[PDB]
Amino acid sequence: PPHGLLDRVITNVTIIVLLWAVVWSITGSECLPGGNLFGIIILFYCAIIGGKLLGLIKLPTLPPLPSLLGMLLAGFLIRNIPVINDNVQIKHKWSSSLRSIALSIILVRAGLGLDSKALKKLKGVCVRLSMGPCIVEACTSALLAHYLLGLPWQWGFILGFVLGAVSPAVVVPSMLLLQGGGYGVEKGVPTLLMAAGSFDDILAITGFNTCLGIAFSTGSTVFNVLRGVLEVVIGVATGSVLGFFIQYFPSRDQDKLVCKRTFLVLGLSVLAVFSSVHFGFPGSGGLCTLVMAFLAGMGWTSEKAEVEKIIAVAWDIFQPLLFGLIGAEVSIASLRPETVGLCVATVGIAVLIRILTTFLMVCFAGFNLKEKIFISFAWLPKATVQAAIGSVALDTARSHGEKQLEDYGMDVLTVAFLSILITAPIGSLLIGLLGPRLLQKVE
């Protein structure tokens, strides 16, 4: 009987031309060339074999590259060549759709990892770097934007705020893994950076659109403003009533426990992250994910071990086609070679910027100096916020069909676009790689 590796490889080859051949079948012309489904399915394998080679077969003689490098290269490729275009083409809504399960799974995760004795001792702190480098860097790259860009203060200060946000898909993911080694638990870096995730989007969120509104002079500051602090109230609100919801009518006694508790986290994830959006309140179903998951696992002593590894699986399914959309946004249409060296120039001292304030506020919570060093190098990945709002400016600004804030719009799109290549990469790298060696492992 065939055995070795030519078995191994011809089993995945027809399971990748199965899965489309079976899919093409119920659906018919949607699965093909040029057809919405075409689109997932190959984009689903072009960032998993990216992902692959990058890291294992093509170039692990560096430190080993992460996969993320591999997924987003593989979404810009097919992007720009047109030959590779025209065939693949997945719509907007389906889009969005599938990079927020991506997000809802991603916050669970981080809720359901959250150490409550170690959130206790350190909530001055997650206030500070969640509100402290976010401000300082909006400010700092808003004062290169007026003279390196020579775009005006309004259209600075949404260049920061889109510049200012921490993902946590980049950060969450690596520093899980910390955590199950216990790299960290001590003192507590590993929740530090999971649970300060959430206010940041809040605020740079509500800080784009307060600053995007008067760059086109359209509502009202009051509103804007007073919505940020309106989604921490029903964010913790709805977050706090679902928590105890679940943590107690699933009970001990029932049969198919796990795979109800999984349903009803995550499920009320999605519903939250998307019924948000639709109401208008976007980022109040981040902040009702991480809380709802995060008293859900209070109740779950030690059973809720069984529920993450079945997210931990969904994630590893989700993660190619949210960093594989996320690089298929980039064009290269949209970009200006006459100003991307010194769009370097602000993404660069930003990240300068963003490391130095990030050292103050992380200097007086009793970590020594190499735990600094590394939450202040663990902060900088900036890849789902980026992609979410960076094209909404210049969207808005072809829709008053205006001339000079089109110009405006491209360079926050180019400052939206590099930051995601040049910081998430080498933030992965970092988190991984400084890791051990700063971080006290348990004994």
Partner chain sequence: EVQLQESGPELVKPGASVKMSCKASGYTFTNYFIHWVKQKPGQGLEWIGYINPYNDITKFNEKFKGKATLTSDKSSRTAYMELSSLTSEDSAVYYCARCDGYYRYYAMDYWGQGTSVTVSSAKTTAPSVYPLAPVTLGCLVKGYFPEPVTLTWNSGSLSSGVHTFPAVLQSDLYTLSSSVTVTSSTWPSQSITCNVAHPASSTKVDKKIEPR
The other form holds:
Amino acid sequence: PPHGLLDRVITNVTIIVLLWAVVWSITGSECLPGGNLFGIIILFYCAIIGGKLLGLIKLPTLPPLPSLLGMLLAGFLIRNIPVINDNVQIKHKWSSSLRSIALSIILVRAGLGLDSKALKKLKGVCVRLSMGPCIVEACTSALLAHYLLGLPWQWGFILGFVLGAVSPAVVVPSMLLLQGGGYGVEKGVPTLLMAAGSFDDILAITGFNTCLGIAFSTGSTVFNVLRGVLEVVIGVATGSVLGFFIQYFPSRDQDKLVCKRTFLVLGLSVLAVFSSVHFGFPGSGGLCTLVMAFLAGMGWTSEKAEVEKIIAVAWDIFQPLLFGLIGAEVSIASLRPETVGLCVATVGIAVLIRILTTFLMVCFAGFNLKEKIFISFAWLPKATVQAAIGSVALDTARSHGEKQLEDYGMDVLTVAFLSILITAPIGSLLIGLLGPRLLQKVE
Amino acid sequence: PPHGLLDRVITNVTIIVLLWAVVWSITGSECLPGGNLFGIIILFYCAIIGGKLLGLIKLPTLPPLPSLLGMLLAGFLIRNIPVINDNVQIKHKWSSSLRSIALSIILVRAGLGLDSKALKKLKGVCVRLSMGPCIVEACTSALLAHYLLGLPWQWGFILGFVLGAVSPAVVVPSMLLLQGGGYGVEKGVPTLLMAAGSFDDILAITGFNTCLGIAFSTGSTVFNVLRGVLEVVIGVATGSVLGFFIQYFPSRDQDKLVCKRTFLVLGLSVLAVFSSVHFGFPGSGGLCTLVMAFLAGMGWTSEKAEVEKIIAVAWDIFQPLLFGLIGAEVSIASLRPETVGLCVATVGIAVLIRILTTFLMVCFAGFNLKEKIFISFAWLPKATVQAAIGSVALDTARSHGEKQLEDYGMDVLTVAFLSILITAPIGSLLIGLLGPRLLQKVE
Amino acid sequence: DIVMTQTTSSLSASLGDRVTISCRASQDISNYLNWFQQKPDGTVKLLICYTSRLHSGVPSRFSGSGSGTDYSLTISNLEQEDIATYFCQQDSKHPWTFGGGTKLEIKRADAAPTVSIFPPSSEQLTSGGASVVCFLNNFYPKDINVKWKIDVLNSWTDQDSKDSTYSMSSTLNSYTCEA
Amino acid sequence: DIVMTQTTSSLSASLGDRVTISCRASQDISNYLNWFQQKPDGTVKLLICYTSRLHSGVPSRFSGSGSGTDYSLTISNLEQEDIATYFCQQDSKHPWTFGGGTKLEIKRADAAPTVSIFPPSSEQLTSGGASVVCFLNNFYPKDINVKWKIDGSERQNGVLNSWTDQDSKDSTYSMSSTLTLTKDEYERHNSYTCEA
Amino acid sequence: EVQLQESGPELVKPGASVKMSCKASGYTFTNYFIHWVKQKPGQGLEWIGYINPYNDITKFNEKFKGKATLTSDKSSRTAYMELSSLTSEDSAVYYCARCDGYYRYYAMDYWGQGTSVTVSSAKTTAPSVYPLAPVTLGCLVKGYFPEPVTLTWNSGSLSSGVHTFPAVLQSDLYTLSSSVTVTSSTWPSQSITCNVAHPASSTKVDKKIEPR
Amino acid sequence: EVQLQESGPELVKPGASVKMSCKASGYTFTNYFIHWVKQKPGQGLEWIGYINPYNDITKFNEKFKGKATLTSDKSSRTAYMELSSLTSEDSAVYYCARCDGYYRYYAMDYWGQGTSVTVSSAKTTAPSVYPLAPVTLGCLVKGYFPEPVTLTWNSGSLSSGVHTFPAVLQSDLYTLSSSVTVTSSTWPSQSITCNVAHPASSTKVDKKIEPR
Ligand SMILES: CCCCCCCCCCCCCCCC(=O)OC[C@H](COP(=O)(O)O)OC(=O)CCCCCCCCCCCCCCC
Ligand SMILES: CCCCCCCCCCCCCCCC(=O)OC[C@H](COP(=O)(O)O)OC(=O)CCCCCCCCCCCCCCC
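Okay, that was the form solved without the partner chain. Show me the form solved in complex with the partner chain next.
Let's see the whole complex now, leading with the same chain.
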């Protein structure tokens, strides 16, 4: 009977073909070239295959390249090869929804994986790490843009803020892997990085929104600033109430305890994210999910392990979708060689300054030199916020009908895409490498 | 802390509300009154609640009423109460797809649960039980319709054939429950009833189609008859190849063996059903699913138990949907007292003759009197085919623009609905009652 | 398709007698000859479904007898609100077809039109138009003849509700109008 | 509302000189003053994007100089295929506004129209109409005037004029005038004269 | 009770499209068929087609296949008919009636109020009053596009002899004509005038009719 | 090579609606913007609006807001414009041009061929040809609706002096006016008769010119 590599490959290809055929039979034209579901399925498969292929290649001393690069390249190729792009189209609504769901899953994972005892003893450190680097990188990015790119100050700051938020989708999985091996959980480095990861897109989005309002002279800056404070407050409050709720009611006496708990956390996080977006407070959803998951994990001292295992499986399913869609958002039109050199220079210098500032922001936290270096190099990744708000400035400029503002929006979009491309894979690789070396393993 | 009944009810209501809220947040208007998803979710919940409520009530000696009655009544009320019906609308495509998926699930369950050794020793018995009763009940139903209802002979036979196919959705679950307790698996009664269950709609549908063609003088009868033989042949062939395939390739050496096997069987069955419907051979899908599942189970001598457990969970999820939709298909317009008395009389006499004929068809199979009686009373249920093809004759008559033929189609539809209502619950109850008594338990 | 024809397009009747509108099918109608009544103001109500099944709320005076292919509708006694146009419809076959309708004129003694002639107004001549008008009204029955002895726009009035008469208006140096 | 004004609607040019089309904007567009060319057959091609950035494939003779709010397009030398209508467009603001257009007429010696007379034919009257047409052809430049001396009197109603674009061979012009009048009006006159 | 209300009279130009609505109240909308009947003046009614407002299946008379498009809205309880490429023939009154599709003896049994559609080219025009004198007298309102002139006389002249003949259309110009009958002995001095009240042009013209 | 093809000339009645298409080949359709420009005769061009054939966001000039409805179909590779409630002033040529939305110096680099739209109510009519005599002579084609006339003379007649003035509206009666110049010595027996070939009415008329 068949066995070995041939059996595995035949089973996998049959499963892929069968999934597509089932979807086509149920739906019909929607799962044929030019259809939404066909595009989604093809993007999913291509992202998975690219991740695996990139993981396979390891010629030099360094470990294999991350699957993030494979997924991003798969999406990029699907978008920027005309023949494939014509037959692979995904509605914007579906892409946004899938990316939001992936964000919810990863935020739940991060919240469940935090350590309460460690998080208690590093409070100021987390605040500094979440605030300082973003603001300093935004300021220096605006300074660079005003000179290399010629942008005015308002647009320079729009660029800085849209280039100043790290992606939990890149940081959380790697730090969770490290925490699984106990590689740095003696001072709480994984907890510090996972906690601060989710509070960095409320300072970035708020700054970007207020600067955009100033640039287009629309509305008021006071309300735009206060929106961020309100987002923080309502996120914390909703997360607290929901976490204390699910922490108690699903009780040890119920039969399907694990299934009910996982459904509750996942559904509540997804509902929080989507409803917050709907009601005009985007960013309180992530904080609410983080707080709720953290409190629920505190409630289930050790019974949460199965919940996080199921969520990890869900994340393994959803990561290819997220990163393939992020890659598909970018087009070679933005990355044209007219001025791409200066955009790359600005992104590079901004990243260097961000690393330098992150090193300084953790100086007085009691960490050793190696931990400081690891934290500095584990805080660069930038994937999700940049893709979410990358083209908003250009769209607003287009709506207003101006032409110079369109040029500025084009520069902002180019910078965002370059930052994603040259920061997500390098950051993931650097975390994977420097984890075992610089962090003190525990038993 | 909370515990007991209050905790269970609060958790369940919160889960229900959370599911609806998550779907609404993701989708939007589609999960609000008058929306498709809102209707589907409300129908699902109402069917579940009705099933549980009906199961609760048991005043007399007989056990509690079946959940089928609760689900059917939930769908019926949702359809026939104007205020609820206005806000609860489900697209016909979605209803058809969900019913087909439920049929696929139950057919897979039946196929996996068959016994090869028993099925070998009762071959003629299965053929007789699948053929005789359907044809005799169709003939007697046509005879009754021609006199009580005044229908011509062609329409009488259309009625007989649309009233002559039992539902595996009602028979298979009960016989599987009996087989779980080993209540009749010494001569193979559960296998006999489950096997014959999925070959009774190829003859019924074929007879109905040919008689409809004769009545409307469309096409040719030869091709309509040959379609059934072709359906049988291609169903058997496709089932054989697919079953021998999945019986071997997913190997003992693979990690996620159970998950891959369950996905393979379910996806292949769903694909078979839907593709057969699409290509114009409706009915070969069910036979293909039955044969494929049977052969796969033969391949996995004892490792299939987990697969059927997962499929049983899926069926527990999907049964409320199937029966709620079936109930929602019927409207009080058909069940008007103009001539409902004669329709009820015809259905009743046809069912009595069906029982009498089923008793005779198993006379020479070696069964004892009690087994013969149980088989006779376990072969009446009629739920799925009747709802699928109940209104086809009326639709064809409407399309042709005739008026007398519309009257005949109305009579056919009334008979189909009455048969469903007064046969599915009685049949389920009778199986549940007579199982333990008439069947010889094994250890 | 089936063509329904009604012999009489204007059934003259009194206010207290029995009338019978007859509808004749074309090929064959089993009993599918619904009857409709349309009032002069334009409101149409269903009277009888399936040959004789009197509809709910319709007065018992409406007896829809007649079967086979010769169909009929009868009014036991007439009343002022029974004057309308009655249509016979068939739904036996696909394209539903209505009859030509029947108007229930009320009987009265014959009259003679006034046949007045109005030469175009002097203001009209200065305007540029030249339209002569003949006004002959308060006549009965509908049978009239228009002729000119000169040296066309024709409009009729509905049956007068008070005196059950009719009016004719016609439009076009010694101008004479005769009829 | 950045309405763009081109001072000259038709500038005469020889076949070997440097022409300069001037376009001015009613506002301050920085440099977004794309130039377009439309040929007589109706084909329009982009010429110069962003003031002076010559487009790909366009001959080097075109130079889009000019800045501020007063731009200009220049032809180093005039070719026979250069004869067309040139539009200046601005995309600085939301409503993209095009210029009035400029027509390049080839300069030549001044001519005089033939101004022939054509009284309505017998078919006109039998048909039920009466049309008088003047045929003055091969005149230069386009500076012409149309007038009528019907029985001495001048009527300014019922006149149809159709012009012919610059002649591609002799660079001349043609004027077509047609008058539709009542038959009775013609019946009272027999001598028809056309002057210009 | 059950009542169907449809849109009001509409004016269209030839080659244009018109969408008329029919809103039903007093019963379950989705449980009945909606049938459309066109009654051109002079001729009797004539079936157009129907739509099932439960699954939206439409059957059309082969004469109107293409000319009419039937749609329905469950939420609004209204059914729409879309008429395309309107011509002179398409000008008539259109009815919507319901019909129980699952009753062995179904009929219409409930009709709308009518929806006059006029396909013409002219636009709003002010009516012209032409007083007429030699007993009787009328003002013979001349051409006007909009239909509802609502011609009326002063109170007192409406007692008798007020035959108001219907506005006959001709050359896309409705030509109403009225007359008033009064004894000759009562016409030495008349203070009677037909007050034309064309609302579309809002021209409340009187044009006092005088003896000639 | 990249080119855009639009629909042919179309004639519509006033108040109707017209759809015009623009099919783009030679490049990635969804990668550029589709801009619509209307050029009325005599006047200059007028920017109507644009459609982004990647996510379907349209920007409209305030003047043409409501009058135009822009849509696109990636599969069909075409962009459509809707012109509702046409008018005599909506009769003009319409262009579709692409523009690179993500280039800092974008413009409309490639244009369509034009789509003449005529909004009138007349109907196809046979042109009327009238021989003209006193040198030269003309035909003076009279009223006719469409412009496929393509007036021509016999072979060799068009050698010189064949000025064919453009067709003029003339109250929905288009009218050419041709001329032929020949010497007197060559006109004792003239075989030069203009052959009007209006194909819409297929009225191939000759109307031999006679030497009055
Ligand atoms: C608790 C309720 C759970 C019920 C199930 C939820 C829906 C999933 C079942 C899908 C069948 C109904 C919709 C099919 C699409 C349609 O009919 O209609 C097809 C429609 C387009 O036609 P419409 O005009 O009707 O919208 O396409 C869609 O809208 C896409 C819908 C997304 C889901 C399609 C893919 C479903 C694949 C599910 C595989 C199931 C495997 C077996 C599971 C055990
Ligand atoms: C392997 C691929 C799996 C990817 C996931 C499949 C799709 C399920 C995710 C839904 C999000 C995208 C579509 C949302 C509908 C939309 O955007 O668009 C909403 C559309 C209507 O708008 P459109 O015009 O775009 O079709 O509605 C629909 O078509 C209904 C689609 C059926 C599915 C809706 C319900 C999904 C609920 C899923 C809950 C997920 C919980 C978390 C899981 C871990």
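Residue numbers count along the first chain shown, from 1. The term rigid core refers to the most C-alpha atoms you can superpose between the two forms while keeping them within 1.5 Å.
**Student:** Considering only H146, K121, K260, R336, which residue exhibits a C-alpha shift of no less than 2 Å between the two forms, with the rigid core used for superposition?
**Tutor:** Comparing both forms, the shifted residue turns out to be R336.
**Student:** Answer yes if the Cα of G28 shifts by 2 angstroms or more between the two forms on a rigid-core superposition, and no otherwise.
**Tutor:** Comparing the forms between the two forms, which are aligned on their rigid core, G28 does not shift its C-alpha by 2 Å or more.
**Student:** With both forms fitted on the core, give yes or no for whether the Cα of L56 moves by 2 angstroms or more between the two forms.
**Tutor:** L56: C-alpha displaced by less than 2 Å between the two forms.
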